Amino acid sequence: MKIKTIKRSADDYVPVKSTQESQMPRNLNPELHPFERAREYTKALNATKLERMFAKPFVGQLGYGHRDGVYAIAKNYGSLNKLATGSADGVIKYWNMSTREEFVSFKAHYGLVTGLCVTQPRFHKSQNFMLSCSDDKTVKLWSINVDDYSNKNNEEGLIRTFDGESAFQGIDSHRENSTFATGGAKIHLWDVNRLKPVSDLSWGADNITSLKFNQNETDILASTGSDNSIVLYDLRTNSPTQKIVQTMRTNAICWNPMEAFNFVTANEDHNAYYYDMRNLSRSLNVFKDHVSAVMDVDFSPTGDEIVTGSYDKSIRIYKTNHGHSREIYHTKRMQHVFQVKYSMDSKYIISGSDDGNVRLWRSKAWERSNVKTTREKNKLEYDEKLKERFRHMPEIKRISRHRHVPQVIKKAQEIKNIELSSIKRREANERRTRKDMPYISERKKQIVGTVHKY
Amino acid sequence: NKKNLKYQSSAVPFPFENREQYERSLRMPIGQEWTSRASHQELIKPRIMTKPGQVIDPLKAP
Amino acid sequence: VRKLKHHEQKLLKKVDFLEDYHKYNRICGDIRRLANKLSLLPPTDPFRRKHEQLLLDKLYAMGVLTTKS
Amino acid sequence: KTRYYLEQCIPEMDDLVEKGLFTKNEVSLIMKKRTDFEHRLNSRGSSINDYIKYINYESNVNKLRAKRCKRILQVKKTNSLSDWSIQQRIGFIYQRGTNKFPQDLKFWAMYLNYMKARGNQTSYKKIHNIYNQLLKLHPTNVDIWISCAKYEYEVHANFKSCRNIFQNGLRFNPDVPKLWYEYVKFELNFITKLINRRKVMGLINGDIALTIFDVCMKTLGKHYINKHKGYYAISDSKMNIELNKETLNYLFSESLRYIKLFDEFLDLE
Amino acid sequence: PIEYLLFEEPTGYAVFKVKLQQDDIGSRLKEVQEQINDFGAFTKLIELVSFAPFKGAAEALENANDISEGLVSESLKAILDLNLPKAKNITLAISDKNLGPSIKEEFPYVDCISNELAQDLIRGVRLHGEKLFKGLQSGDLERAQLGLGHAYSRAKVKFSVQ
Amino acid sequence: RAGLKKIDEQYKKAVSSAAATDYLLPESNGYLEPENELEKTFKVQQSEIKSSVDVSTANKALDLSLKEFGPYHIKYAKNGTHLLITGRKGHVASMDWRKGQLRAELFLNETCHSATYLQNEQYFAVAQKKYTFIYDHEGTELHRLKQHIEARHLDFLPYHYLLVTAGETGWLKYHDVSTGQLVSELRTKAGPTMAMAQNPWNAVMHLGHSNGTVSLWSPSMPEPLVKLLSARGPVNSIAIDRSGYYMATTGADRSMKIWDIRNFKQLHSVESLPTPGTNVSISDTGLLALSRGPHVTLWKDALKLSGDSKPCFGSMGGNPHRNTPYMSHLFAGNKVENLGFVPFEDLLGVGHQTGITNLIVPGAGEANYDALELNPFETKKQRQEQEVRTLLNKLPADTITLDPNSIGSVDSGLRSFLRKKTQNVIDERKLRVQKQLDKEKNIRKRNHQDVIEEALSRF
RNA sequence: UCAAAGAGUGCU
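Residue numbers (the deposited numbering), protein chains in the order written: chain LU, 1 to 124, 131 to 159, 168 to 468; chain SS, 836 to 897; chain LZ, 2 to 19, 42 to 92; chain LP, 3 to 207, 267 to 330; chain SA, 3 to 89, 94 to 168; chain LW, 43 to 453, 495 to 532, 544 to 553.
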């Protein structure tokens with residue numbers, strides 16, 4: 001009669017070769033693969049634990065560091081391995097962080113180094135240039151020999175000095191052109207080939223503490239004042255544009271490299287505020303996981319992540335759309351964070367504290383910098399999404415969210431939470447009787463007023 | 836038959852905007868035991884990427 | 002099973018399931056429990072003192088105790 | 003990544019069944035042979051023969067699909083993925099074998115010949131690309147460079163490009179008289195066609270090689286001196302005279318071929 | 003920013019293409035360093051593209067002297083131009103900084119690299135040797151080195167069979 | 043709406059990808075259909091089929107006759123490579139039928155009622171009378187379980203690494219091999235467990251008792267998820283189809299019931315049986331195998347909703363609606379102790395007192411096996427990772443649920500005394516203030532929602 | 001020999 005029975009060809013399943021890979025039969029019938037959801041959860045729950053034992057953020061420090069506290073850090077936006085660092089001792093250093101050594105070490109100013117920026121001056131490959139400003143009322147342009155290219159073979171040292179009537183407290187350079195701006199008692203626009211300030215910008219008599227040029231719409235500049243104010247400028251008009259007066263002072267700014275109109279501000283109220291340029295009556299987001307004043311803030315070149323340095327001996331790194339830190343970096347030997355900045359490959363975090371040490375941190379503690387096989391990348395890629403799928407699982411939250419935070423910060427937070435609850439009960443009690451209370455949005459409490467209403 | 840609290844999401848995970856969206860994804864399996872090799876590379880693929888050792892130069896004028 | 006790798010050891014532990044003196048260990052322990060129970064009983068009642076003495080004599084007859092104890 | 007290659011074969015398998023050219027059981031048998039080969043190719047001990055054994059296989063499958071297209075569908079070409087799926091695969095087999103084994107000049111040869119045959123399907127630019135890499139891996143093999151110079155002077159008749167090849171070759175391997183011999187042959191290949199074209203032009207209405274000939278001796282003599290001398294100069298005067306003699310006899314014999322080469326050219330003086 | 007690598011052997015000149023650029027930030031960390039030793043990882047970094055054997059013994063010494071003095075030989079000028087794109095400027099890794107100016111003079115469109123990142127790759131190209139050639143006929147390097155050693159050494163002394 | 047649409051499209055792409063892999067599947071199952079309508083699948087004799095199949099398939103069909111400790115219960119490893127047969131009077135041998143090499147032999151003279159492999163061929167358990175014994179690959183006993191006493195039924199969960207036992211004591215022992223600890227002890231209160239079964243889809247145990255009620259059991263859960271009685275008589279055996287949708291039973295009163303686990307509904311009932319079924323088995327293909335005394339009858343396409351699919355003995359005048367036995371086989375002068383399908387193989391096992399024999403059945407085995415789950419061709423080195431990776435992915439007992447999909451959803496001195504008075508008076512004040520808030524919360528709801547007395551309402 | 005367990009080498 002007609003009969004067929006399941007028949008295995010031995011050669012097909014067992015190769016005749018000792019070296020040929022055995023055929024790897026797969027059938028995607030769901031009945032073959034039961035317990036779909038449970039297995040993914042266990043793989044998720046296993047991935048989360050492994051992330052913790054592999055969370056290894058510290059890689060090393062830059063040489064022997066500075067003598068006095070580090071108070072100025074600048075990255076070369078065109079070269080990976082290069083930083084310009086300065087300390088209040090008056091010494092400025094230019095680093096080869098790939099070898100974790102110094103290219104050159106220079107005693108720039110008698111007083112405190114209050115600003116540092118790296119530039120490509122266009123005077124009217132083998133050398134790099136950096137600009138330093140200090141409270142001794144001078145700005146000095148310096149040149150350093152670099153070993154990126156061997157197409158030639168010197169003149170390493172001071173190139174030009176700009177004398178100022180008043181002390182300088184901030185400096186940044188326009189990306190396209192050689193012009194750079196200094197923040198002193200007055201915000202001044204400078205040209206490399208001119209010793210005197212080319213243009214005088216100033217809304218009023220208040221000083222400027224910090225300033226940062228735009229990267230995308232590079233003609234725009236923002237500055238911070240000691241009167242708890244943020245000022246916007248545009249070079250195409252050569253005039254200020256806007257201010258908003260804040261409740262507290264803002265120490266640092268960083269503008270988003272992926273959104274030209276968006277920026278974050280490091281604030282004195284243990285908060286960092288995300289802003290939209292056009293409508294500044296409110297903030298885009300608020301970051302509130304620090305317990306002391308935020309000293310510096312930097313955007314990743316990816317534009318999706320932000321890192322904040324605070325006075326509470328910790329570095330917090332936040333997702334742009336999430337209002338709470340996903341990670342904490344801390345150490346006993348770290349005394350006060352004043353500068354936090356990103357390796358522009360987005361894989362590492364460069365930090366500077368008053369102990370004089372400049373440190374490298376990993377943006378991803380669990381990731382590793384070696385080149386990985388096609389197989390390897392897939393499984394690591396597997397765990398990330400599987401963790402992403404099961405983020406809010408109760409067990410995964412406990413293992414993932416758990417961090418070893420120092421005793422001092424946790425005590426501040428639990429004290430911090432008590433007052434907020436103590437406040438919150440108070441207006442809630444008041445709300446029972448007094449008829450006319452406007453609810454104050456969390457995004458608008460920290461604005462005091464805006465000059466230009468809209 | 837009461838459902839165990841241990842295996843319950845505290846809230847709807849991002850980027851999903853509604854509760855019903857979350858169960859639909861849970862129905863869809865990511866594992867290769869249930870998905871083809873090519874179909875894995877699309878579901879597994881992370882949103883943000885990069886290339887080691889290169890400048891991520893910020894956006895030019897569009 | 003095959004020796005687990007380092008990470009496998011951390012993830013899973015004590016998975017290695019599935042001259043012997045266990046009988047003698049049971050005897051040594053079984054004697055120890057009996058001595059403990061005799062101690063729990065008061066110091067004056069005569070029953071255990073006959074019994075503990077009987078246990079001393081019973082063990083001594085073997086050689087487990089080289090001398091009276 | 004064996005499954006990745008198998009999965010790219012699924013869409014054409016579905017097309018074959020959809021068009022009715024191959025039944026599911028027949029399509030299943032084809033995949034079994036494809037699966038076995040792919041494991042052979044991706045495994046250790048894989049040799050270039052495995053590529054050649056595979057490359058012949060889909061070639062036969064290509065013929066059967068064409069015959070069954072006329073036998074069942076009665077259509078020269080059915081507008082679906084099946085028509086160009088095999089040919090795209092064939093090139094996709096070749097490039098791995100060439101990359102895996104750049105040594106085998108034989109395998110390069112089928113890859114060009116298979117591709118030159120299907121001129122409509124494969125643009126001449128891609129053939130130039132393959133030669134670029136093939137020349138680029140093996141600059142010292144004259145047989146390659148005259149091969150690419152050849153493809154561009156018959157199929158394309160681009161003397162400018164063909165000149166550049168023979169031009170560039172003499173730089174890399176100035177020691178080989180054969181490449182000198184062909185370049186002069188090409189140079190007189192070129193002149194006669196112009197003069198014949200000029201003769202045709204009138205009907206409807267050279268020294269350059271000698272410079273190549275002249276410069277041929279200077280290089281070949283210098284190179285023949287470098288060999289038979291080794292690392293070091295020859296101290297004895299009599300040998301230095303003798304080394305001249307072999308260079309001379311070598312440089313007479315080369316000239317004597319060129320006397321023969323001119324004979325075939327009737328038009329030129 | 004490295005794309006092409008020039009390696010130089012007793013059997014010939016070998017040019018490489020850098021598919022992937024190793025993390026220049028973390029160059030000194032162990033894991034990337036182990037990749038240099040590991041052949042599987044290193045093959046993912048670069049892949050051989052040119053090999054031009056020297057014609058014979060005499061030409062090798064002439065190049066061995068030229069490379070020692072940081073000069074570009076005719077054979078060297080041949081392999082680079084066939085390979086480096088004219089192109094902003096193509097970036098090439100060379101073990102010698104002294105050879106850099108010579109290459110720049112011949113080819114204005116190429117920028118040379120001799121930083122530690124280049125040295126890391128040059129070390130690993132050398133570490134695997136004939137393994138990276140994928141079977142291309144490179145003779146045997148260890149023997150060829152020993153012959154050029156007597157040849158390169160003896161030349162400077164002007165020793166003679168006399 | 044668009045986000046919901048994109049999620050659906052991604053799912054529709056996944057099934058399309060699954061459809062793509064369906065073409066990749068190497069082989070198909072067997073068939074057995076007659077050329078001529080007169081020819082019947084039940085009429086064909088096994089002696090004819092054995093001639094039809096290949097000599098290798100004839101070698102695969104294994105029949106050994108031995109009477110020393112009969113009867114022998116046969117069990118097939120999940121991968122199907124290694125065969126365990128346990129004699130009633132106490133002989134158990136571990137061996138691979140394809141290899142032809144006996145792995146380990148035990149001549150213990152104690153009545154053993156059942157035996158099984160646990161996680162691989164290497165480690166297996168044999169149920170001795172009044173205790174449970176685990177025997178190593180070498181054949182040495184690694185341990186004896188005092189908690190597991192006097193059990194005939196041995197179950198193991200490949201994903202949860204747990205062994206289940208059933209006894210007349212009524213106590214269900216749940217033991218995990220990896221942790222080497224007993225998860226839980228539960229008394230059914232349904233009396234002795236004559237039938238035991240496992241459902242692969244939800245890993246929920248199935249038991250039969252004298253009343254005939256079937257109680258579903260889970261490690262996590264204290265009391266039975268569902269209780270259902272298919273037959274008036276005790277259920278001597280429980281079978282559950284591979285998909286887990288369909289569940290089939292044999293009552294001691296000769297009456298058959300086909301059920302569906304998901305909807306808990308009775309598909310088909312048969313009372314025309316000459317004698318109660320000794321055993322029941324369901325193929326991975328869905329074919330059901332029923333052994334009654336010396337006769338074994340198999341029905342194709344039984345697990346279907348349609349009434350015409352209903353199994354029926356022989357036929358009533360060749361009625362198309364009547365479903366004849368796909369095969370009918372009789373062993374004269376013999377009895378079937380148990381039935382076992384040969385996984386990944388086109389065969390059915392049958393166990394007897396005379397011996398163990400394999401019956402070749404086209405379509406009985408799965409056409410194509412996924413190797414990631416199980417490989418008959420696994421070398422020794424792959425298997426040791428297979429257990430390692432399966433150890434790494436062990437499923438906790440608590441994750442057991444009625445439905446796997448439901449999981450993951452979204453829902495001093497005087498000072499101390501004087502201190503105690505202060506924390507008190509604080510506590511009452513808190514308890515009073517919430518009344519004032521609660522009372523005020525009541526007032527807002529109330530506000531939100544004789545002529546003489548009106549004259550006098552003001553006073 | 002099989003049979004179970006280690007420790008290195010080659011290579012994707």
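Calculated from the structure, these hints are not laboratory results. For every residue, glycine included, the Cβ atom is placed at its ideal position computed from N, Cα and C. Please note that a few of the clues may not be correct.
[As the list claims (entries may be wrong)] Derived BS3-like pairs: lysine-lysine, alpha-carbon spacing no greater than 27 Å straight-line:
#: 1; chain 1: LP; residue 1: 138; chain 2: SA; residue 2: 79
#: 2; chain 1: LZ; residue 1: 4; chain 2: LU; residue 2: 43
#: 3; chain 1: LP; residue 1: 102; chain 2: SA; residue 2: 32
#: 4; chain 1: LP; residue 1: 3; chain 2: LW; residue 2: 82
#: 5; chain 1: LZ; residue 1: 81; chain 2: LU; residue 2: 386
#: 6; chain 1: LU; residue 1: 7; chain 2: LW; residue 2: 54
#: 7; chain 1: SS; residue 1: 886; chain 2: LP; residue 2: 127
#: 8; chain 1: LZ; residue 1: 6; chain 2: LW; residue 2: 422
#: 9; chain 1: LU; residue 1: 2; chain 2: LP; residue 2: 34
#: 10; chain 1: LZ; residue 1: 4; chain 2: LU; residue 2: 378
#: 11; chain 1: SS; residue 1: 880; chain 2: LU; residue 2: 49
#: 12; chain 1: SA; residue 1: 94; chain 2: LP; residue 2: 138
#: 13; chain 1: LU; residue 1: 226; chain 2: SS; residue 2: 841
#: 14; chain 1: LP; residue 1: 127; chain 2: SA; residue 2: 21
#: 15; chain 1: SA; residue 1: 88; chain 2: LU; residue 2: 158
#: 16; chain 1: LP; residue 1: 128; chain 2: SA; residue 2: 88
[As the list claims (entries may be wrong)] In silico contact screen, one side only, chain SS against chain LW (beta carbon under 8 Å); selected entries:
#: 17; residue: 836
#: 18; residue: 838
#: 19; residue: 840
#: 20; residue: 849
#: 21; residue: 852
#: 22; residue: 854
#: 23; residue: 857
#: 24; residue: 859
#: 25; residue: 861
#: 26; residue: 863
#: 27; residue: 889
#: 28; residue: 892
When you check the alpha-carbon spacing of residue 94/SA and residue 138/LP, does it fall within 27 Å? At roughly 23 Å apart (the allowed maximum being 27 Å), residue 138/LP and residue 94/SA satisfy the hint.
Go through the hint on residue 857/SS and say holds or violated, using the shortest Cβ distance to chain LW against 8 Å. holds (6 Å)
Just to be careful, I want the Cα atoms of residue 6/LZ and residue 422/LW compared with a cutoff of 27 Å; is the pair within it? holds (18 Å)
Keeping to a limit of 27 Å between CA atoms, is the pair of residue 880/SS and residue 49/LU held or broken? holds (22 Å)
Residue 859/SS was flagged as interface toward chain LW. Is the shortest Cβ-Cβ separation under 8 Å? holds (5 Å)
Taking the closest Cβ pair, is residue 840/SS under 8 Å from chain LW? For residue 840/SS, the interface hint holds, since the closest Cβ of chain LW sits about 7 Å away, which is under 8 Å.
Per-residue hint verdict: residue 863/SS, partner chain LW, C-beta under 8 Å: holds (5 Å)
Is the hinted pair residue 226/LU and residue 841/SS satisfied, with a Cα-Cα distance of at most 27 Å? At roughly 49 Å apart (the allowed maximum being 27 Å), residue 841/SS and residue 226/LU break the hint.
Residue 886/SS paired with residue 127/LP [C-alpha distance capped at 27 Å]: violated (30 Å)
Hint check: is the beta carbon of residue 892/SS less than 8 Å from a beta carbon of chain LW? With Cβ-Cβ at 31 Å, over 8 Å, it is violated.
With chain LW as the partner, please determine if residue 854/SS meets the hint condition of a C-beta pair closer than 8 Å. holds (6 Å)
Does the interface hint hold: is residue 838/SS within less than 8 Å of chain LW, judged Cβ to Cβ? holds (7 Å)
Hints 3, 4, 5, 6, 7, 10, 13, 20, 27, 28 from the earlier list are contradicted by this structure; the remaining hints agree with it.
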